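One letter stands for each residue in the lines below.
Number of protein chains: 4
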Amino acid sequence: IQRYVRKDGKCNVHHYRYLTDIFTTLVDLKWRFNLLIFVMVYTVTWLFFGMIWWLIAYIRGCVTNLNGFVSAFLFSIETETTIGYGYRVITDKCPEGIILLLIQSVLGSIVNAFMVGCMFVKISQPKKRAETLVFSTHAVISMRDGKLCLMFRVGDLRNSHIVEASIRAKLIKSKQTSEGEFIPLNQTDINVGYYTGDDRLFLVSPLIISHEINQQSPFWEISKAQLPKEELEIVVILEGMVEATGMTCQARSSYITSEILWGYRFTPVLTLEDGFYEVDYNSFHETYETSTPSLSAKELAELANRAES
Amino acid sequence: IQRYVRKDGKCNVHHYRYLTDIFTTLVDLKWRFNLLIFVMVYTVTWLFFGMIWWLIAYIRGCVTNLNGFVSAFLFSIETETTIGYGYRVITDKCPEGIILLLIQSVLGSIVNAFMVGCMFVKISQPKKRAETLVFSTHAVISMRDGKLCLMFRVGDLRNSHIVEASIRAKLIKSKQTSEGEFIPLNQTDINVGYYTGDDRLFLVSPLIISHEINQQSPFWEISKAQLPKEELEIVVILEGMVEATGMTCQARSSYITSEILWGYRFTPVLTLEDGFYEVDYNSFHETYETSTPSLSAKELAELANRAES
Amino acid sequence: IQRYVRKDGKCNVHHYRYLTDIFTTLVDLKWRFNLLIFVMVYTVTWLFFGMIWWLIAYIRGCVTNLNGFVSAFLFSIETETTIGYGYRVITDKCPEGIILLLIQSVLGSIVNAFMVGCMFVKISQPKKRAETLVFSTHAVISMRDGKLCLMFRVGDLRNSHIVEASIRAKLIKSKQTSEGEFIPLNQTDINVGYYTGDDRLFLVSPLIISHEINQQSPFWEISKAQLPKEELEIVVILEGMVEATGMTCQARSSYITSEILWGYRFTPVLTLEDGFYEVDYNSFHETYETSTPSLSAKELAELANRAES
Amino acid sequence: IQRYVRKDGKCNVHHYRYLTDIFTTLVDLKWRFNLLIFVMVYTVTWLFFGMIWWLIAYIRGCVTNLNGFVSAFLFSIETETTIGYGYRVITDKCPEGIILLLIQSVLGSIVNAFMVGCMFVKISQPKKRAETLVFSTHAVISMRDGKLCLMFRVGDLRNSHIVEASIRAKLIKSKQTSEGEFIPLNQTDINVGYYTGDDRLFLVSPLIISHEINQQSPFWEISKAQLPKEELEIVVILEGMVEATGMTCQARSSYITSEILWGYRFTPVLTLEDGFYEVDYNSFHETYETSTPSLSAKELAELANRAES
Ligand SMILES: [K+]
Ligand SMILES: [K+]
Ligand SMILES: [K+]
Ligand SMILES: [K+]
Ligand SMILES: [K+]
Ligand SMILES: [K+]
Ligand SMILES: [K+]
Ligand SMILES: [K+]
Ligand SMILES: [K+]
Ligand code: NA
Ligand code: NA
Ligand code: NA
Ligand code: NA
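Chains as they are written, first to last, in PDB author numbering: chain V, 55 to 69, 76 to 121, 134 to 381; chain P, 55 to 69, 76 to 121, 134 to 381; chain B, 55 to 69, 76 to 121, 134 to 381; chain E, 55 to 69, 76 to 121, 134 to 381.
Derived by calculation from the structure, the hints in this document are not laboratory data.
Among the clues, some could well be false.
Cβ-Cβ distance ranges computed for the label pairs, FRET-style [said to hold, decoys possible]:
(1) E:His69 <-> V:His69: 32 to 40 Å
(2) B:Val104 <-> V:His69: 54 to 62 Å
(3) E:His69 <-> B:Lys61: 49 to 57 Å
(4) B:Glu303 <-> P:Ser366: 56 to 64 Å
(5) E:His69 <-> B:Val142: 41 to 49 Å
(6) E:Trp91 <-> B:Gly140: 53 to 61 Å
(7) V:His69 <-> P:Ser330: 29 to 37 Å
(8) P:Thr136 <-> B:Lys165: 25 to 33 Å
(9) P:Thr136 <-> V:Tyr76: 55 to 63 Å
Stretches of chain P that chain V covers, calculated by requiring three or more beta carbons in the stretch to come under 8 Å of a beta carbon on chain V [unchecked claim]:
(10) 79-86
(11) 365-372
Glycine is no exception: its CB is placed at the ideal position from the N, C-alpha and C atoms.
Bound-form chain V, shown alone:
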């Protein structure tokens, strides 16, 4: 079976009521098509309202300097964008011209919001910030202060902060309930600091998120030997708010069984440079191995308890 989440964040999942928020799907399209729809909508409302200026003018003979279809188009433009050159002016003759100018000039603002606000949000969409949030390429398992840990690194490239930033992790692997039920990609949260508000990040320079492999960890019975045998995947999620706006964003990444390295450890990145801190981003992803017992956390702890003198 192939992975559920790519290293960059896109999922490998494929899926009537999409027109209950035509706006939500409007902001998704790539620029070129957004810029085309924007044109379409604008031109066709210049068409429709321009066609009604030609319908009432046909019954009258309100209108100054209008001739064919090529001229009735240029009046609807001077009105909706409120250009109004002054070559094509309006007069007092018909009642059907006064009330339709109102309808056009008002509905010109409604078309303005739907599009300008639309154009705003996509320029200002937060998913972009998540580009400059980065995860180590592998995760490691090595010892820390006595206890075995699953560790991955997290970084923020942009100098700006990410407010109320947090990290959570979900372990994904199929399982079978003792009752028979097979559950395809069963998600189960991994502890990465949630019981101590240690999962609340002060992300400035790159941090190593550590999940300790205790009794309640999924990695409790995985040993160095069993690890490559397993068929699991660790989804890593980082959420928080772009300091510069009120936008909330999410950056994701994944670790499949083969990308977790047993016995390794992260290369430091920090150096103090004459009154500032220098983050050597070259050593970010890089790791190195150190002496690391090959036993499962469950056994390590069992032998450590049997060592009571």
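Given chain V, work out where chains P, B and E with the ligands should sit, using these hints.
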């Protein structure tokens, strides 16, 4: 008694200070009326300010090419939408014309914001996204890995993510305090992962939310037999943020006693298709039954503890 | 001593760097003054930029149909609001006119945002929604299912929802540390459901928030007799998001010692009406008394434990 | 080694994909340059689109009153800002003029959003509010009601509220894992009320945030003597939402070993003035010393337990 929340989310509840935020009620109205008010406000400010252009012009004889009421209307329009055709131009004569152009042109922007921003928010309201978030039609109770569970499925139809997404559930049923007090629709939260951040969803492909029926569960003493006898309703709430904007949204649904099925289980939806995952949305709501003890979780556990060999 | 928070929410507290976000203070002013500043800023930029059109025209003799100060003002207006009547047109003569039109037309949009966006936010400020969120006028203490409770009611008048809505309460009273230190208005949080996500509200029809008076409660040793002797105040806070926008809001209220009624209980508000629920908002604030022991929760529990047969 | 966070909040840290959200970096620049780019973009699109009006007019001989380059520039301006003086008018001759007016007038709104919305956000950026949130200049350690506490004061200068406001603290100091691994600026959260929702602030008048120095505190074994020997730094973070908008903000500050005062205590700031509370902001930062044991919290508690009579 009838239900508190409909399967789609609307509540069956009916309720001076509504004019302390005339804006909040302005965004509620259906489009046609919003589009009418928009017209009203725009036309009547063209009226008022146009009427004051006719009042000061009456005392003067500032004004170029103005005649009756049908012409004074077309000047206020060329000014507030800043059309300004150049047929009706302003001159240097009266002081009461210079300062009133300022008042109109400035208050033309104030009317613009109140309406354009108004038009923005409703196009961009989040309640819409909640349309494409969906709940299984029934909930089930069956065994999982030894312990009895109340389970309902949750789905997101749109390919876009829902950031910081979470699920919570409230059990609604009237009760009487031993002291006598009757409480009409007393709400009491149901555990659906809150003590482990398992209620924090990574909602991509459809998930089964499971509430285990332990000592602290309301369903602790409900057996298969008692269930249809009960008069309870489970409100299911899903909250989180639209990836595409900073909007927070809520999707709700309900389970009344008869819609909870004892002994059943959800049909899988996942299939791996040549390097992506295929979610067969047809089996979403569908369930099937399996061997499931008819005893209450309280008794099941009591007999399992008595089985100690 | 007088109270810290009024029944409506304003605090009784009085307090250089206020110009580090001149915007934040700009949205605070009442409408009339906001509407005046808006005028000021607009007129004075029409003045400044209009004065520079008169400075370069003085060195030239770029300019069509301009005379005195009363005419140079009407050109700056036709340019910044992009009215441009066509009576006062621009020509090719001087270089100092071409680049200044650019500077004005660009800085006309900068003045537009600062003001239009300003005008948007205040119309769309959330503090308003908090008007239609309401708290019972008194709080009560009576028994519930064996244990003594401090209870106040909460309501939402508007039919719209309040997403991710929550309630928290802080007990305010001065205290002296055994070491001598006197602390003026020491705040200490009261449990109103925080350890069970029962403080997470599904606020539709009016809810009674209950704080049980256990060992950890401040009201643990307050008896009916001692209550009127105490000098405490309960601040009640409700926070959450306006369904209609991404705004987060806060509604506050207070209970001073005299407004907490010992031995009373809230009048029900619910009635089921032919397929909807009718909330009789008249009985909202209203209470009534019932048999309620006059002893402190600490003693009640002590005697209940001594009753072990 | 020098500190990680300055007393005002800037960090002493220095750090391709920055063009995946050119918008995010657009809002960062200081005003003068923002105002220059705004000019650049506007002028160069007036250039490009103006140059295409000169290209199609060259193949024709659509155009009224156009001559050299100095005149073709003034047409593109009357069109994109929708000024349209009426001296330079459009006619029916060529098809390449009609469709290009559409392209310009539409892309004039796209350039409008990107810039006006840009201009909006920076005026409305939240980081500013964090200016008027303030931290005591030192932190103290003294006794409170028996137990030793690390205390710093927090204030909000602006009369407006900060919704859903919270305080958290991270202790920063390098450490070595018993396994050998040296960790440069290892962060570890300090308890400031997180297990009781006491870290949820009702920040109106200035509050003393207290971290009790218990077994789980980092300051458990630091005595008065050892404190000046240590090389630690306490980062203090305050997060929450600007009442006036939906913006979330963060105010930070730091305490290095030398700024924590052992044996001192904060000067009160509150006085009740004729029906309001007067906060004497002069005594905000100020402290004073009182009798305070010089032993480490670990020992204090050890001797208090040995005192059992
Ligand atoms: K215009
Ligand atoms: K115009
Ligand atoms: K014009
Ligand atoms: K917690
Ligand atoms: K928790
Ligand atoms: K927001
Ligand atoms: K004109
Ligand atoms: K919790
Ligand atoms: K908690
Ligand atoms: Na950063
Ligand atoms: Na999704
Ligand atoms: Na409601
Ligand atoms: Na305040």
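Here is what the structure says about each hint:
A hinted range of 32 to 40 Å holds for the C-beta pair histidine 69 (chain E) and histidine 69 (chain V), which are about 38 Å apart. The given range of 54 to 62 Å is respected by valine 104 (chain B) and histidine 69 (chain V), whose C-beta atoms sit roughly 56 Å from each other. The hinted window of 49 to 57 Å between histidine 69 (chain E) and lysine 61 (chain B) holds, with their beta carbons roughly 51 Å apart. Between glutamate 303 (chain B) and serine 366 (chain P) the CB atoms are about 58 Å apart, so this pair conforms to the stated range of 56 to 64 Å.
At roughly 57 Å, the beta-carbon separation of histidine 69 (chain E) and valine 142 (chain B) lies outside the given 41 to 49 Å, and the hint is violated. Between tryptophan 91 (chain E) and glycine 140 (chain B) the CB atoms are about 35 Å apart, so this pair departs from the stated range of 53 to 61 Å. Between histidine 69 (chain V) and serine 330 (chain P) the CB atoms are about 30 Å apart, so this pair conforms to the stated range of 29 to 37 Å. Roughly 26 Å separates the CB atoms of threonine 136 (chain P) and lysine 165 (chain B), a value that falls within the hinted 25 to 33 Å.
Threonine 136 (chain P) and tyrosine 76 (chain V) have their C-beta atoms about 57 Å apart, which keeps the hinted 55 to 63 Å range intact. Coverage of the segment 79-86 of chain P by chain V is violated. Counting CB-CB distances below 8 Å, 0 residues qualify, and the rule asks for three or more. Taking a C-beta to C-beta cut-off of 8 Å, the segment 365-372 of chain P contributes 0 residues in contact with chain V, too few for the three needed, and the coverage statement is violated.
Checked against the numbered hints given earlier, the structure breaks hints 5, 6, 10 and 11 and satisfies all the rest.
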